[PDB]
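In the form deposited without nicotinate mononucleotide, a lone chain appears below as structure tokens.
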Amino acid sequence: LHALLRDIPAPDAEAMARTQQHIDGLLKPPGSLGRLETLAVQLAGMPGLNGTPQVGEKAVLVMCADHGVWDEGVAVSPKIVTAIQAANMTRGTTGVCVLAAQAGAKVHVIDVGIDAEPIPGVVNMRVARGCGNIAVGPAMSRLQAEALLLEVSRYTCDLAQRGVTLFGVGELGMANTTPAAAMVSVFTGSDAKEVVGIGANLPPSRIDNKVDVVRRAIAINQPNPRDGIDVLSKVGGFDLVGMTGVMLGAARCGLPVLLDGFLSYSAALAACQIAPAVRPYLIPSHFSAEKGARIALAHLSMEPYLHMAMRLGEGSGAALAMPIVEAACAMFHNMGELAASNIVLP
């Protein structure tokens, strides 16, 4: 793991300078394609993309797990919905499946801790049947968190061998917006009230209890904000650890990863804390309608491309943004050049 983190490559400044020069000469006023230009240059710098913005195969990794904190009444969805939806992921009927299919991406469903019998068709990496209730103790041991990070990291970079060059990250886990809020509060130093949202339609009257649970989780566990693994193991969850793992693996592999919503922002804060070198590889997708989204994004210094008021999760936002990544590549490789049309601009 220390080796893993140590070997994450820095972005290639040489390929990026070459990319910038090429974009400036395309058939348009310099800088007019804005964030599409910046995105193309960002991609050119990722070593796994071989010096040029390009997209080969695409995969969305959905980390599934249950949470003991569900018993504190912080979620209205029945606990079994995690297991049921994970099965639906194998049938192609969920939101991320439909949006991934539209983008030509494949969905990998990974069970890292569902509290139910194993589901055929789902990748089995389960740590336990649900994590510990963070309101009274830790979600898991540090050892468990580190081992899951490594296993998911390896699985992720292995896909790079099969032609995958663009990843999307997602989750499935009833009650997971509670540990997500705890993590965001700890990493950003923001009060729980400012980052606890309604998740999957929690009634406005049940919010107070959710905020209290988050504060108790932090008070009892005393997670160290400077140690991302300490934070994940104490007030996180297996799904959150798994998402962080996809990010470290894509980075080690020198490839881009598209974030999704609030849960993924929590995982990204942990990933960047653990290894700042991961940052250049993350690409935001949409601006989640979850209350703590603005704060988490400000700490990651990220501005999403899509404002869709989405809050489903599952990696649906990440899938929705894949066409945008392909568009930056299309602009780069297919547009004509000013000089060829004899156009000279100041």
Contents of the next structure:
There are 2 protein chains.
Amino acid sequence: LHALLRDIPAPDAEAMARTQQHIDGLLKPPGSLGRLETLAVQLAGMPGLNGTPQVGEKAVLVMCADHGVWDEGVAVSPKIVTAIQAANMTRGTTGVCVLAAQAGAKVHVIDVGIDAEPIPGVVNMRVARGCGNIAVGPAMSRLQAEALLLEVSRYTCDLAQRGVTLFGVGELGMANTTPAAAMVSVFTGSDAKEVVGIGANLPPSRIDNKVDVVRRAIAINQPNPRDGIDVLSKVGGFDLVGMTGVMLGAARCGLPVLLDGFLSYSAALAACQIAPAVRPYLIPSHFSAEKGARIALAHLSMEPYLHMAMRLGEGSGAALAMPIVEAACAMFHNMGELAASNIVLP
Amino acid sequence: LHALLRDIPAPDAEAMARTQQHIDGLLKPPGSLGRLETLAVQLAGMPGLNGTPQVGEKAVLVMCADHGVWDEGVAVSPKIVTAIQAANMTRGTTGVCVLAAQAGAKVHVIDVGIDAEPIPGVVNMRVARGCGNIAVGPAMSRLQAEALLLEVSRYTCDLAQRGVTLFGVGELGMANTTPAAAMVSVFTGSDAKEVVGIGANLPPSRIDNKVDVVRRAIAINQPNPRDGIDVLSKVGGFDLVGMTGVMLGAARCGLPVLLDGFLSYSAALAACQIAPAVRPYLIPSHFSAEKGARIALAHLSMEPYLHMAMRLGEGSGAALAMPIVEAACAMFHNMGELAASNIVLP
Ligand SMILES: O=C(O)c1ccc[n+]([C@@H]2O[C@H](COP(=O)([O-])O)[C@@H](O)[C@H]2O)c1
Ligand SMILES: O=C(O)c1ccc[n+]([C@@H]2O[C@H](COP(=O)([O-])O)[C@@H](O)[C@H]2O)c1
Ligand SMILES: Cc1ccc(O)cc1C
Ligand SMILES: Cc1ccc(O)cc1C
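Show the form deposited with nicotinate mononucleotide bound, please, the one above being the form deposited without nicotinate mononucleotide.
To see the whole picture, the full complex is given below, headed by that same chain.
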């Protein structure tokens, strides 16, 4: 894993300069396509894209796992929903499936720790049947977190060898906004009350308990904010570790990764703590309706493109933003140039 | 035109209720797809869509015209750019062309008043070679504004008979953020300084003059805020009137219209003043980087989906949002249902 982190490439400033000059000469007032222009330049700097903003095959990786903290009464969805929904993912009837189909992306469903019998058709990388209840101890051992990061990182960059140039990250796991909140609190130094949300429709009256659980998790585990792996293993979950793995893998591969919602923000904070070099490869999608989204995004210095009040998870927001990445590429390659129309601007 | 306004249909509450019930039963926590859900219900209520959120053919109508106020030094782009860019529209090299192609939409370029010889391939509805300079008098006569509204409204609903179910509105015209600002000031009661922006890269040092011009336009013409046609004819432009026409026409046709940027907001304010019944058919796209966007959107009670710092115009933002409308339809029709998976939630 040390080799992985060490070999993440820096962005190509040469390709970015060439891209910027090309964009400035297109048929429009300079800077007028705003963040679409910035996104094109960002893509051009990613080594896996071969010096130009382009999109080949697209994949959304959905990390599925159960959480022991579900027993603390922090979620209203039956625990079995993780297993049921994971199977639905193989049938194409879920939210991320429908949105990925619209974007022409393939969904890869990965079981990194569902508490049920193995599901045929789902990629099997299960660490255990659900992680430990973070309210009374760690979610997993450091060894388990490291092993899963390496496994997922390898799977991710291996897809790159099959033509994938754009990744979207997602998750599925009942009770997972609890460890996500714990992680966000630890990494940002914000009090649990400011980052704990209603997750999947938790009744307002049960929020107090959820906040109490997050605080106990942190007090009991004492995760070190300066060690991303320590935080993930202590107050995270297998799904969260898996998402961090996709980000490290895509970065190693020099390719872009679209974030999703709140859960993905928590994983991104961990990934950036572990390897700051991962940051230039992350692209935000939407602004999650979860209470702690604003704080998490502020610490990542990210401004999402889409304001849809979405809070489904599954990688649904990442899939919805794929057309925006393709639009930036289309602008770059297909627009005419000012000079060719003899248009001169101040 | 009185008949047109009188016959705009009210939204179908029955279809909307059926849509809401269907969305609540899909495979996800209730309300979790947020504004995508609200958008689907909004679409279901539009009579031209036949009781369900669906998208058939898509068209972006780009209204092109020149403005006499260009002579007041309020724009840095050469006046001939309107004519040049309008021809580029027929070649598919412009920003809206490239983005519409990505969304599978056709672009219709309409000349409603370019100050140049007619351009082959562009739809000809020219009122005159540029409108009057609003700094010294009206842009056009009330008769001219009314005639153009009716003509464009008919053209728009006629496309509906050819399979178009989703419209996007756009414009092209040097100096047009000046009349747009004047209109926004009149309709919202905001001072010109709060709504006048840099348009297509106007140097910060020339802003003062642009603000002075807007104030003179309003003082000299005395447009009546309660009469949308009066405002359009006095301090508007042919392109702005044309955009208002697309909105009235789509509403009469019971079909959705996606707004674009600042210019489109000014036209929407006029359209809603003329006929409040038009409002349920308007769908925002992006949040224009123009200074007066926030005020204009607040008065329309609209929150755009996309935050791209875009300020190109041409209907580029409307085209970029078309995939979002298709996503809401895909969610509605393609997602599985909770009951079918035996999932019961509180
Ligand atoms: O992605 C988000 O921003 C998001 C926000 C709130 C809830 N969720 C989803 O709902 C689940 C977590 O909610 P909960 O209440 O069980 O902690 C999990 O399967 C997520 O995919 C997802
Ligand atoms: O759509 C917007 O929000 C927008 C904001 C600023 C400038 N524009 C475009 O630039 C032109 C107007 O800018 P200007 O400086 O000549 O008033 C016109 O052709 C518009 O399409 C468009
Ligand atoms: C200069 C300029 C202004 C507005 C446009 O839509 C396009 C161009 C090229
Ligand atoms: C209940 C529930 C929770 C999260 C999902 O992604 C989907 C469903 C159906």
